[PDB]
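Participant: What follows is the residue order along each chain.
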Amino acid sequence: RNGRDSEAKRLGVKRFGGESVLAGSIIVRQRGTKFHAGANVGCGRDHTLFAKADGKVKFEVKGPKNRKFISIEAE
Amino acid sequence: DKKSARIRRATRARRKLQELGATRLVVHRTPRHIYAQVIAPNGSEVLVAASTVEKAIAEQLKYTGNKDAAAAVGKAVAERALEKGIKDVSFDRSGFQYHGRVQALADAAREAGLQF
Amino acid sequence: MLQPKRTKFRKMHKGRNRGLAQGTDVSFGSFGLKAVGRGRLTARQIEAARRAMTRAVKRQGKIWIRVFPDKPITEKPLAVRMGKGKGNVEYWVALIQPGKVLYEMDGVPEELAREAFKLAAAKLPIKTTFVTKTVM
Amino acid sequence: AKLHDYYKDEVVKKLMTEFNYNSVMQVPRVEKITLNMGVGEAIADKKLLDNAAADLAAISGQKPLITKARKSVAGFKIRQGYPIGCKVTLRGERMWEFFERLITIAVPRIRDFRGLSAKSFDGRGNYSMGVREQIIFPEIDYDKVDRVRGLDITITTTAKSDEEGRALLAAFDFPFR
Amino acid sequence: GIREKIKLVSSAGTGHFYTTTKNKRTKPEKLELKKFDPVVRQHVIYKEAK
Amino acid sequence: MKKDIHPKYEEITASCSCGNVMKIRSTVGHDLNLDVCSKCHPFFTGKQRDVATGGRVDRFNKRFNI
RNA sequence: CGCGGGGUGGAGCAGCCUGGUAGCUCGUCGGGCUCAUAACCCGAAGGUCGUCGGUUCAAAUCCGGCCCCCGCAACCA
RNA sequence: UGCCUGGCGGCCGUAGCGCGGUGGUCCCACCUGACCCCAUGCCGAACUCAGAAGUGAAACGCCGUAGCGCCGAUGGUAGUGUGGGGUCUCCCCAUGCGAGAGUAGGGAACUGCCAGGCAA
RNA sequence: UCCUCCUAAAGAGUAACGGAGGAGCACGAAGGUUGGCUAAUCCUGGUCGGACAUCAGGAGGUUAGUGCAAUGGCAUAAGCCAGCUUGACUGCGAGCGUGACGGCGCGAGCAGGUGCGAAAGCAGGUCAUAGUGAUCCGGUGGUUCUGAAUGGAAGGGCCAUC
RNA sequence: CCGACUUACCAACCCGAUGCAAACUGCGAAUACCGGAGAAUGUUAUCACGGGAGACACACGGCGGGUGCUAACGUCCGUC
RNA sequence: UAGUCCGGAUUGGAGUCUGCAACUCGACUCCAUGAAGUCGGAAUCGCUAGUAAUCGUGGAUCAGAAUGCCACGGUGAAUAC
Ligand SMILES: [Mg+2]
Ligand SMILES: [Mg+2]
Ligand SMILES: [Mg+2]
Ligand SMILES: [Mg+2]
Ligand SMILES: [Mg+2]
Ligand SMILES: [Mg+2]
Ligand SMILES: [Mg+2]
Ligand SMILES: [Mg+2]
Ligand SMILES: [Mg+2]
Ligand SMILES: [Mg+2]
Ligand SMILES: [Mg+2]
Ligand SMILES: [Mg+2]
Ligand SMILES: [Mg+2]
Ligand SMILES: [Mg+2]
Ligand SMILES: [Mg+2]
Ligand SMILES: [Mg+2]
Ligand SMILES: [Mg+2]
Ligand SMILES: [Mg+2]
Ligand SMILES: [Mg+2]
Ligand SMILES: [Mg+2]
Ligand SMILES: [Mg+2]
Ligand SMILES: [Mg+2]
Ligand SMILES: [Mg+2]
Ligand SMILES: [Mg+2]
Ligand SMILES: [Mg+2]
Ligand SMILES: [Mg+2]
Ligand SMILES: [Mg+2]
Ligand SMILES: [Mg+2]
Ligand SMILES: [Mg+2]
Ligand SMILES: [Zn+2]
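Protein chains in written order, with the entry's author numbering: chain 25, 7 to 81; chain 17, 2 to 117; chain 15, 1 to 136; chain 07, 1 to 177; chain 31, 3 to 52; chain 29, 1 to 66.
Note that these hints are calculated values from the structure, not bench results. The beta-carbon is built from N, C-alpha and C at its ideal position, and this holds for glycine as well.
Covered stretches of chain 29 (in silico footprint by chain 07; criterion: 3 or more residues with CB under 8 Å from a CB of chain 07, positions within the stretch not fixed):
hint, segment
1, 3-10
2, 20-29
3, 45-54
Derived SDA-like pairs (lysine to any residue); straight-line CA-CA distance at most 20 Å:
hint, chain 1, residue 1, chain 2, residue 2
4, 07, 87, 29, 6
5, 07, 8, 07, 25
6, 29, 3, 07, 66
7, 17, 68, 17, 112
8, 29, 2, 07, 94
9, 07, 2, 29, 13
10, 29, 39, 29, 17
11, 29, 8, 07, 89
The calculated label-pair distances, taken between Cβ atoms and stated as ranges, are:
hint, chain 1, residue 1, chain 2, residue 2, range
12, 31, 26, 29, 2, 31 to 41 Å
13, 25, 71, 17, 56, 37 to 47 Å
14, 17, 114, 25, 79, 32 to 42 Å
15, 07, 13, 17, 84, 54 to 64 Å
16, 25, 79, 17, 50, 22 to 32 Å
17, 07, 14, 29, 56, 38 to 48 Å
18, 29, 2, 31, 52, 42 to 52 Å
19, 17, 114, 25, 71, 38 to 48 Å
20, 29, 2, 07, 82, 19 to 29 Å
21, 25, 39, 15, 48, 50 to 60 Å
22, 07, 93, 29, 49, 33 to 43 Å
23, 31, 24, 25, 39, 30 to 40 Å
24, 25, 71, 07, 146, 54 to 64 Å
Go ahead and model the full structure; you've got the sequences and the hints to work with.
Facilitator: In structure tokens form, the structure reads like this:
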């Protein structure tokens, strides 16, 4: 009855904290919204957080619900 | 509650406004004394603040709880903000329906030169 | 036999039995049968070690069963080649780790309970011991 | 609003002496009045609910809100979002006119009227009675209807208990058997 | 399945068209979408075709 | 309120057969004729006749006559 | 062990594919006809849809476990 | 400069609930009324406007109380990277890392920009 | 063949006739934007009304809902209702993710033109991840690009598309 | 009909106490992996482009697991 | 032309008569209530004249207690090829 599975979507966090990225570079390839769009970081329809500016990634824990955010300090 | 329901209606436009990095004109309304102030993009301090609670504005009004009083605020904020050099701002309703005093405050600010 | 009423999934992994137990103190009763040796107790063994335990201390006294199986063990039929899937769940075991109080008794003399837990220890595979409820 | 002034002058002080309120605003006041006519039988006849929405326009003086089914339940054969009932929430000055017309001429005209119930409270301060006939009201001319369709009136107050809400409604003379 | 595919034809001079689907058995009216016609380049009221 | 959706709501003259003319707003039409108002309904005597009615000994003493 | 079908008033069978409402014949019960029975005519009742759970607004039905029955398969050395 | 109050934040349960007390000069909320702006898939509840007699009940703010929530060591234990050993379905030894729970205890927040009221 | 979880040993990936379940669509609105709103289930009371229709309040708190299986996520709501609407748009696209490759996915911003909103802004489909097949061959509309002597045409090419 | 009391019994939900989970998480390592800086060390051990390949039956031991009977010099993966 | 001023059952209350005695178990009266039933499935009965049909009365039995039985008269058909 079993024997079926999907093709791994290669999710996860591509660029980590302190890592210099470029404009448009994908920071996090996620399913839902584990990580949120902080500063200088957009959010696609795939809920994929990309970098809207040159700089470095900076994970944070702001908000009244301790939800994860991802900012970018221009470096 | 009537007060807390208003805060969630504001959150939509507050959070969207700081990512953009805009200088918002936060307008607070009340059955008496319509308030107003311009806050820097840092979200911490105000730069220009004018309302009817100031004796400089209330003493030139019939009642500090209506349209012509609200029109007196918008002109005052837009003329002292054009003193500090703050030209292009954003208008944050603070959850208030843009129709009466919150509309009159903008109309007085749009004509002064406050760009929005 | 102690068996779970409708668990979430029918079959489950083998899983290792490493570590030491948590339900170590005598809580409800005053005397216990702490398990010294690591192993796995079927629902047949727990049930069998109770009948010949609830016989030595008559209708009096109260016996607590600190263990519950909740782990299905598969068994392939005879003459069946390997593969073709997981077998059929036949019995339910309880992973017993060292220091797991198996039974607790209360309402009886200590020497009687000392002899009751000698009858039950002979029905279980794991090596046990007799422990006493300590003051904190 | 004839008996609204009756409230603002006599009823308030009448309650101030009975529970020594340290505020004039602490006195109970009836907030609103809801006229529920949850017909239900509209699954068979669509015009049945349409007629029910007409009688609320007569008993009250305003248009009713045809309510939809919150959840679909097959025990009664209804579905999610199917028009099942009609309510009228009247307040402002138009509630007092109804509140008067209710207890002055409508309540006395109730068939086999012995009295209301003093236990019909939700332990908070709200009163909820139910009428069986709709003809007890002046508007229904008896020769323009074909159903014994009655409704149930809920009276919401600003009380904090049924012990106190009973005191507010006592001043309006309410029969109360 | 039932949702067949049709062709939204521009009411302008050109024969440019946006193709799309439409449930025929449930919807009896035709589509009159105002879409951008890359030839005339304004925004023309398209109409359903096959 | 929303104009032109609610019925005609005009003041009328209501008067029961006890001289109690009471003017109130309604949606009836021109006027009204009442039967029993709240100041004339027999509720003040309603409880009296159903509660205190029983007794069989008093019934029987009108038969023994002595 | 596997594949496929079935289990519905007291009997034998439709309905299940494509969910909300279960029907036919016999038998039973009551009445009539006849000297009486059978036949014949009239009227009505009667179903936990094997069983437990789940999906759903709603399960006889759709899905799964178990029990019973039926046919097929259970092979090459 | 200090107590107050309102707005926008920082930080986001040591920061939130429960119970009790308490504030109205300002402010805030409630509140009065509704031709008109606008309004309810009915209704000035909400939204809105025009004002303001009354109130601090409600709401919100503030102070106390730990009845809860919550935070939380030291030590030990569980686990474990690397190298060895054993009665090797599991452990032990050497070195490094070191939880979770629980305990002592902490605890009913802290703070910045502006604009008013107030004693000065 | 594709999608979800576990197996999978805290980056990604990772096998078996291992364990558990789905898809071969739906929608012109269930899309866009603007404004507003926020549950399930119980408890109490109430005409027909009943374990469960509609109504009022409290408790509770997101245990609800999300077109569909599962997981991640969601009130700043992506959940619910309403007004106006077609951005379910053309030409692109720095820069990245993912694969042997074919290929798939994300994308700020630029120009034309458009919708909603007072405005900031947002919209090139839908909370996301399934709903799908390469090439060839041939059909359909457009575009003088070519068109085997020359002028046309047939037929090819390019674009859209079956 | 209303409807009170009672019971050799079973028991919803809350509360205190006690265990279990690959498909549970109000917590949470060690390692591993990604990025930056720094020294030493290594015949550049690195990446890209081009010529030529072979190889795509793997086995055993340790550790972490699925399957089997925590059976198999069993079978299938991760890593050495 | 309706379940109606049709129909009168049932039931509550208050009464009367006979009788030692009216609860089980009488008849009649007053007020109230006012259902079934809107010409009846298969099937089946009576009757040819003053009969059928319909109306009312009397008597026996009997303290009281009939729509039964026996008897009387009023109005008075249809059809028999
Ligand atoms: Mg597989
Ligand atoms: Mg997967
Ligand atoms: Mg016979
Ligand atoms: Mg207070
Ligand atoms: Mg420690
Ligand atoms: Mg082993
Ligand atoms: Mg700790
Ligand atoms: Mg493949
Ligand atoms: Mg992984
Ligand atoms: Mg949607
Ligand atoms: Mg919104
Ligand atoms: Mg009830
Ligand atoms: Mg109820
Ligand atoms: Mg939406
Ligand atoms: Mg979806
Ligand atoms: Mg081919
Ligand atoms: Mg030529
Ligand atoms: Mg804790
Ligand atoms: Mg790993
Ligand atoms: Mg590194
Ligand atoms: Mg380096
Ligand atoms: Mg090969
Ligand atoms: Mg191979
Ligand atoms: Mg192994
Ligand atoms: Mg091998
Ligand atoms: Mg291998
Ligand atoms: Mg009578
Ligand atoms: Mg009838
Ligand atoms: Mg004869
Ligand atoms: Zn009167």
